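Enquirer: Turn these sequences into a full structure, and let the hints guide you.
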Amino acid sequence: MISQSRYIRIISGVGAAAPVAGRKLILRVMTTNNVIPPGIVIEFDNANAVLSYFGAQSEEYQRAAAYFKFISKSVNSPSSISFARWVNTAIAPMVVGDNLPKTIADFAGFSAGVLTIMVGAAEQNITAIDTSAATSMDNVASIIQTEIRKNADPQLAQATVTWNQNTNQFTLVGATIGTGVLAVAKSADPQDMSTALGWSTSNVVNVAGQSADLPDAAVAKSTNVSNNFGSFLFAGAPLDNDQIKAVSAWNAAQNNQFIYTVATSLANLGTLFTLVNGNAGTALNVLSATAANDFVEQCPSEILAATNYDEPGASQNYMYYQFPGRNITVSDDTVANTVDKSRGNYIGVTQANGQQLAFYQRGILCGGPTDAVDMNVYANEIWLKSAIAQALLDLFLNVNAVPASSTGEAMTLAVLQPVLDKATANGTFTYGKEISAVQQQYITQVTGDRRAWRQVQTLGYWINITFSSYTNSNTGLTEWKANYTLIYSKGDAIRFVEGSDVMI
Amino acid sequence: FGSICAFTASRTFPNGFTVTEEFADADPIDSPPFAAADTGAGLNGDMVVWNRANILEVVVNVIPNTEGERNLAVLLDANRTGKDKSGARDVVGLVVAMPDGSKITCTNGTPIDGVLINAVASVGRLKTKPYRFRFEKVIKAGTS
Amino acid sequence: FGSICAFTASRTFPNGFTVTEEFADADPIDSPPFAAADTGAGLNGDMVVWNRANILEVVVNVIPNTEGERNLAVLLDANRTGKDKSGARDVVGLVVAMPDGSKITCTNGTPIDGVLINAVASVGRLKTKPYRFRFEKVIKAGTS
Amino acid sequence: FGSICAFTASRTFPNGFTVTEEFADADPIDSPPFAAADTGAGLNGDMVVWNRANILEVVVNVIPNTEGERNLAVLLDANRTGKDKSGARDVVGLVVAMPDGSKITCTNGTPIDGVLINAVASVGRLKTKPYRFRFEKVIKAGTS
Amino acid sequence: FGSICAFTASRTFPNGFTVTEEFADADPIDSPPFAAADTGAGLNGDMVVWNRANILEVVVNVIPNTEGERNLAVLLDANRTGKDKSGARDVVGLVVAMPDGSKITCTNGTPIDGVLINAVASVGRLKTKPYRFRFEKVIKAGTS
Amino acid sequence: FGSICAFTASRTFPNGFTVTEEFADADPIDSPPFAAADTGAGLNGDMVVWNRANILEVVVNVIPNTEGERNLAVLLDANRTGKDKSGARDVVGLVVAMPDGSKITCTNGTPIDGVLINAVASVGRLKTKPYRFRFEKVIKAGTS
Amino acid sequence: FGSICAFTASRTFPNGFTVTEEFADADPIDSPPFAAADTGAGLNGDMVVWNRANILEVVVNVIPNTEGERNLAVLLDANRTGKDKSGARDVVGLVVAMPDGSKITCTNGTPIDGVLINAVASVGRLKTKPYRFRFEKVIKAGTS
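Order-wise, the sequence lines are chains F, A, T, E, C, B and D. Residue numbering for the first sequence follows the entry's author numbering, starting at 1 and increasing by one per position. Residue numbering for the second sequence follows the entry's author numbering, starting at 1 and increasing by one per position. Residue numbering for the third sequence follows the entry's author numbering, starting at 1 and increasing by one per position. Residue numbering for the fourth sequence follows the entry's author numbering, starting at 1 and increasing by one per position. Residue numbering for the fifth sequence follows the entry's author numbering, starting at 1 and increasing by one per position. Residue numbering for the sixth sequence follows the entry's author numbering, starting at 1 and increasing by one per position. Residue numbering for the seventh sequence follows the entry's author numbering, starting at 1 and increasing by one per position.
None of the hints are false.
Under the rule of at most 16 Å between Cα atoms (straight-line distance), these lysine to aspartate or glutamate pairs were calculated in the EDC-like manner: (1) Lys127(B) to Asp25(D); (2) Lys127(B) to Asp27(D); (3) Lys85(B) to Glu136(D); (4) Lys83(C) to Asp46(D); (5) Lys140(B) to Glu69(C); (6) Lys85(C) to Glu136(B); (7) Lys127(A) to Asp30(T); (8) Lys137(E) to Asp77(T); (9) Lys85(E) to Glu136(C); (10) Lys83(A) to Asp46(E); (11) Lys127(D) to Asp27(A); (12) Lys137(T) to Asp46(E); (13) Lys83(E) to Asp46(B).
None of these hints come from the bench; they were simulated from the model.
Expert: Listed below in structure tokens is the structure:
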């Protein structure tokens with residue numbers, strides 16, 4: 001009889017939800033674990049995937065378990081995380097691209113006439129390798145390693161072959177460190193390890209000899225590979241003050257695109273604030289010296305990742321969030337006052353009506369007066385910039401041409417209008433805020449048109465577009481551009497309450 | 001004289017289309033007066049005032065056989081109600097570019113009125129097309 | 001100028017007839033505006049919109065004494081209500097061929113208005129015949 | 001131009017009388033438009049149609065002082081309602097002979113409107129007489 | 001041209017008075033149309049007719065300052081309703097003699113409309129006087 | 001041409017004032033028609049008549065900037081109702097002297113209509129002032 | 001000819017703004033007639049009168065693109081009701097300076113009518129802006 005699942009199929013006990021329904025910023029972690037190859041970025045949609053890939057003992061799983069286990073004021077969860085590799089020390093050339101679960105011990109029968117071809121600087125080959133016994137994959141790796149050692153080539157003289165159980169990757173590390181390029185090609189010999197081993201099939205990652213690089217340069221390569229993240233951090237041991245300052249300056253070079261979260265002690269908090277004064281986009285979180293790490297630096301990242309900007313009411317404040325896993329950092333008013341001068345965030349404890357309450361006390365970012373001090377406005381600006389850029393690129397991609405005339409301006413405004421409607425719906429845009437004389441003068445200065453401050457007071461925003469001509473640097477040819485200006489208001493929030501009780 | 005209108009639709013015309021033929025003896029881009037408040041006078045001369053609620057209304061006349069008119073007819077037929085036809089619920093947007101700047105943008109709206117087929121007048125010429133619209137939010141960005 | 005209308009009837013004129021005399025100072029092939037939606041604005045500025053239901057309407061004026069006018073009168077008299085006369089319930093169809101292609105076809109319809117007998121005006125000429133109609137579905141096959 | 005009307009009455013004018021003076025600036029032999037059906041459109045675009053009931057109506061203007069006008073006045077006065085006067089309930093018939101054949105006959109009818117006494121206009125001339133009528137059955141014998 | 005009207009009142013003017021100045025641009029001796037019957041059509045085409053009841057109405061315009069106008073004003077003031085004034089209930093009679101015989105007589109009637117005081121127009125002349133009337137019985141003795 | 005009006009008020013103008021500027025293209029000293037009776041006709045032709053109750057109404061147009069106009073404005077403002085102002089309840093009287101005698105006197109009355117502030121027309125001139133009135137009793141002492 | 005209007009607002013324009021472009025073929029500074037009393041007449045001729053309550057109304061037309069028109073548009077948009085916008089509840093005042101003195105001042109008022117966006121007429125020119133107003137108290141300091 002037919003299995004009856006051919007017509008109606010019902011699965012019970014899993015109930016997986018829809019993967020993606022909106023736009024969400026996600027955390028990026030720069031780790032020095034040797035498992036991840038330097039040149040790739042890996043995204044995990046669930047904590048169990050991190051557990052399987054890295055292992056239970058790894059600190060990455062410890063971070064991921066805390067990160068995925070978070071519920072915001074609205075019932076939301078991050079649902080995504082990404083990892084990148086930082087090359088802390090010098091690395092020898094390696095070849096690893098093997099993700100297929102081929103380690104079913106199906107290597108017997110390939111013993112006869114092995115001829116693996118390696119395309120290095122100078123090509124060299126390997127004689128027949130006997131893997132008929134195939135007692136274990138470790139033994140097969142050792143037999144392969146010995147036949148690599150048989151060569152007199154400096155790279156292959158002391159090359160090593162390893163194996164990892166949790167993943168399914170076969171790795172070879174060159175004998176020389178600092179410089180070199182190693183690669184393999186697929187041969188036509190039927191008894192070749194090119195197909196038997198993972199190398200030279202579909203995706204294989206080739207990494208050349210590399211010297212140690214600074215973290216500021218390290219994060220740039222990761223951003224070049226992919227930029228689908230927000231609020232990155234550095235894992236492992238804490239960085240030096242100069243390295244932190246350099247990364248902060250690099251982040252400030254980008255204009256309101258990412259947040260840098262760093263964990264510091266009470267002693268070092270005063271010193272860092274002097275160096276990282278200004279440099280918008282940097283968050284300082286105080287670390288407790290009497291307990292475990294607790295990953296306090298991840299506190300703003302989780303709040304950012306939980307937000308869904310497609311839904312109304314997305315915008316939210318950062319000054320009251322309870323993290324049961326985290327521990328207490330400060331408990332005195334004078335210590336809190338000293339920390340607040342340095343614009344540091346922490347978890348503070350207080351008692352009200354016999355109940356102790358602990359929450360993320362502050363949401364202040366270090367930066368200049370022109371920059372957005374609060375975290376919520378910074379995140380809203382990030383989302384707004386991303387949406388506007390995406391809309392403009394879509395308009396360019398889906399039209400024959402955009403004339404340098406009034407028609408082009410009308411087209412560009414029409415494309416941008418729905419994004420502005422969504423921004424008003426989210427809570428990024430607020431209406432009815434009173435405008436002072438200084439702000440009125442600034443608005444009339446930025447936009448030559450007067451009475452625009454009236455519109456930003458009433459409706460809450462103002463936008464206009466013009467076109468002009470310029471010449472690019474690469475060629476002497478003249479081209480045309482467009483310019484637009486957007487003014488909007490920042491919302492206020494209540495964070496302190498005072499009252500008086502009078503009896504008769 | 002150099003006046004254009006760019007229409008966009010969320011589903012039918014995601015990228016939008018432009019109309020430039022505004023027709024001869026009809027009034028293009030017409031808007032009825034807007035009522036904003038009402039008053040009442042009580043006995044002994046007291047006056048009370050309250051705010052009324054209304055939305056912006058616009059109508060544009062076009063040449064019987066032009067690309068913009070054909071696109072407008074396509075939009076109206078897409079949103080229309082009929083015996084056996086799918087109804088695409090889409091919100092329309094309009095931006096008007098006048099000579100000497102003065103851009104005006106309307107965000108949320110829908111078609112209201114139209115004429116299904118062409119009609120010939122007594123003189124022997126094709127008649128024009130009303131194509132009424134209504135909108136919710138209006139922003140003026142060209143006071144300069 | 002080169003405009004014709006072919007009328008078909010379910011029972012009276014199964015093979016149909018053609019009319020070409022569209023008359024001089026009346027409006028031939030006239031169509032009233034078609035209302036498609038209605039709106040309302042609640043307190044605090046919220047806007048709500050719903051779809052109205054309507055059908056296409058067409059009226060054609062003809063010369064008092066012509067073959068097309070006589071066929072139209074025959075069609076109207078068959079469906080009319082009267083003291084002692086059979087009423088043939090038939091569905092009518094109309095296709096309009098304009099110069100430069102642009103065929104327009106209406107499927108389900110019925111006669112509504114007419115003038116029973118000829119009337120003479122003050123100047124001494126015979127008067128015009130309105131012959132109103134309404135239809136259910138309209139399809140346009142005149143993209144060319 | 002060569003148009004005549006023969007009026008017959010069951011009681012007052014059993015043999016009938018003829019009228020030929022159709023007056024100058026008013027419209028002789030006028031007939032309002034006739035409505036034959038009504039329609040409604042339900043939700044989802046369904047269309048329903050039903051037949052309305054109506055009768056033929058005709059009005060003829062005449063010279064103030066002529067034999068036909070005097071006979072028409074006699075008929076209206078005979079059927080009229082008054083303080084102390086007999087009311088003769090009679091049915092009227094009308095046959096209209098047009099140039100080039102085309103006879104039109106109306107069978108059952110009654111007078112409805114009129115003007116009781118002559119009136120003088122501002123210019124100094126006598127005014128015309130409306131003399132409205134309505135009928136039940138109409139037959140056309142003017143195929144030629 | 002040689003038109004004369006004689007008015008009689010049972011109490012105010014037992015012997016009657018005559019009016020000959022019929023004024024220039026207004027309509028003297030005007031009479032609205034008279035409705036005599038109404039009809040209804042039932043389902044399946046049956047027609048039913050009934051008689052309506054109405055009375056004769058007449059209005060005459062006169063020169064602002066003439067003896068006939070003064071007598072008409074006296075009559076209207078006598079029959080009028082006012083704060084403290086006697087109201088004489090009298091029935092009026094009217095006979096109109098046209099050129100070439102044609103006497104028309106109205107028996108029972110009363111005044112309805114008038115203008116109390118003289119009014120000056122924009123050009124600088126006195127305005128005319130409507131002086132409406134209604135009557136019950138009318139007899140025509142002008143067969144000649 | 002030689003027409004004057006003397007207005008008197010019981011409280012505001014006990015001795016009265018005179019107005020002589022009657023203005024150019026408006027109608028000075030206008031009076032609507034007066035209805036005095038109503039009638040009905042029952043079945044079988046019986047006629048019944050009853051008296052209606054009405055009062056005299058008069059309106060006078062004046063030049064925008066004259067002494068008479070200013071006095072009329074003062075009277076209207078005195079009698080008017082407002083937020084915080086005393087209301088003087090006074091009875092007004094009017095006597096009109098026409099060329100060749102013919103005095104007309106109205107005893108009990110009150111202002112009804114007016115225009116609060118001056119308005120400018122399109123051409124660039126000040127606009128006219130209606131100043132409507134109504135009265136209770138009218139007596140004519142102009143037999144001569 | 002030398003006429004100006006100074007507008008003040010309690011919140012939007014605390015110091016006020018002036019308007020001088022009154023536009024050509026529309027009527028600037030127009031005011032409808034004001035009704036102040038009503039009357040009734042009882043049986044036997046008794047007359048009763050009572051005071052009605054009303055307020056002053058004014059409307060001013062302006063050139064489509066001028067500073068005064070832009071300020072008026074700003075005021076109307078500030079007070080208007082909309083989807084998501086603050087509503088500033090402010091009272092407006094108007095003083096009108098005419099040639100040869102004659103100042104007129106209105107104290108408490110509010111905007112009522114306007115046109116949201118500019119419209120183009122058939123001839124190809126921008127259309128006018130009505131900008132209606134109403135006020136509670138009016139004082140005249142123009143005796144000179």
